[PDB]
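The excerpt is restricted to a subset of chains, each kept in its original location.
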Amino acid sequence: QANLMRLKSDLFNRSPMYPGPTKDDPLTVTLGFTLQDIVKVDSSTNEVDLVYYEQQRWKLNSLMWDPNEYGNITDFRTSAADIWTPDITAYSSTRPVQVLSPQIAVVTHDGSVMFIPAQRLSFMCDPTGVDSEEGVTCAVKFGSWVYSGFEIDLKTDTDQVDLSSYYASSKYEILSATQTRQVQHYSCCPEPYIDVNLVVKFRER
Amino acid sequence: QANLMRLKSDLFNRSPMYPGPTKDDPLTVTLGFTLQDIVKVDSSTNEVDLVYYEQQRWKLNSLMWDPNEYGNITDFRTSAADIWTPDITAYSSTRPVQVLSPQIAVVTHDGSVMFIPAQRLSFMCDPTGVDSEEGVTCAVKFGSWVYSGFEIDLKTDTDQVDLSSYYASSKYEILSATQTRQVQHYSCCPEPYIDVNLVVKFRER
């Protein structure tokens, strides 16, 4: 592990702190959602609770290295606190997000970072009609809180939310779940605003 | 990039910690509220829960720089923990405020700082009459906890609360929402006390 210690030392100790993206050096964050369970619906406050994992991927030149210079190390694990991470936020939460997984990322020699936090989110949704056959739809937008599209571009690898881990005995079954990039401009202002819309149609099982 | 790292280093590492405003060097904080949702009303304890964003703006000379000296950088993002922030507080909360957004601010070359925390607040309100057509009104004052008007002056850019992001399917519809600066004096003391009164009239949809 001499090499791994050296690599991490070189990237984090013997280097200045990365100050985040800018208009001159933008970055693309790829988002994907894996939905585990709709745990709870509150029809008296219009709040729905969702447990899901949020795959985040991005690439920084300042996290690149040549494996040949570090004993053929091609990737490593590190605390998410040791590196810059994007400020992706649910735009319609009603409680602080609860983190269900360790805050550790994987960094690869090409400078890519993968970070998959598991979370429980309460967000605004009217569940009226959930008890019917057609079910009910709601949506929650995710995006940067402080960075516009000039600094952080969002995208997805697919529009289909991963349902392969959805709890088989959930009180609610997922009829449909998509994740879609949206770009909006406003007339006042030059900068685009980008978000990913997670739209889920579900009903009582 | 190199310039942004140098700029931040110069402003935060190679400079002393700003000790807050004083009577000799006062500052103006501009507040605006964007109301997302009246989530919940408890008629048995007279508490209402509100999700909103609070736009805060102010300007410090010690955060000024000349863009020409730093590769034409006109603004940057930084953790709210790295800079001084005003102690704006709801005066009639009944629980600690829950923060729903990343604590990151934007700092501009003229020394202006923008910080828009999303929050959920429980505050004192009697919701009696909410189920009627005329609805119900309540109010909450915001202001500095420890600074008088000689140190921190508050103001608003408008008296109208921004309702453009209010949840369309909330259990409650906003009939009216204003934000107004008030100045008060006490007999003992020469210094004015300033707050912003957020007043919201709402009812069941």
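Odds and ends about this structure:
Here the chain labels run A and B in written order, and each chain numbers its own residues starting at 1.
The definition used in the following text is that a residue touches a chain if its C-beta (ideal position, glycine included) is under 8 Å from a C-beta of that chain, and two chains touch if they have at least 3 such contacts.
The total count of identical chains across the complete complex in this file is 5, with 2 shown in place.
As a working rule, only the chains that are shown with their structure count from here on.
By the touch rule above, chain A contacts chain B in their complex via residues 16-17, 19-20, 22, 24-25, 44-47, 87, 89, 92-96, 124-126, 145-147, 151.
Interface of chain B with chain A (complex): residues 1, 4-5, 8-9, 36-37, 39-40, 51, 73, 76-78, 98-102, 104-106, 116, 118, 120, 167, 169-171.
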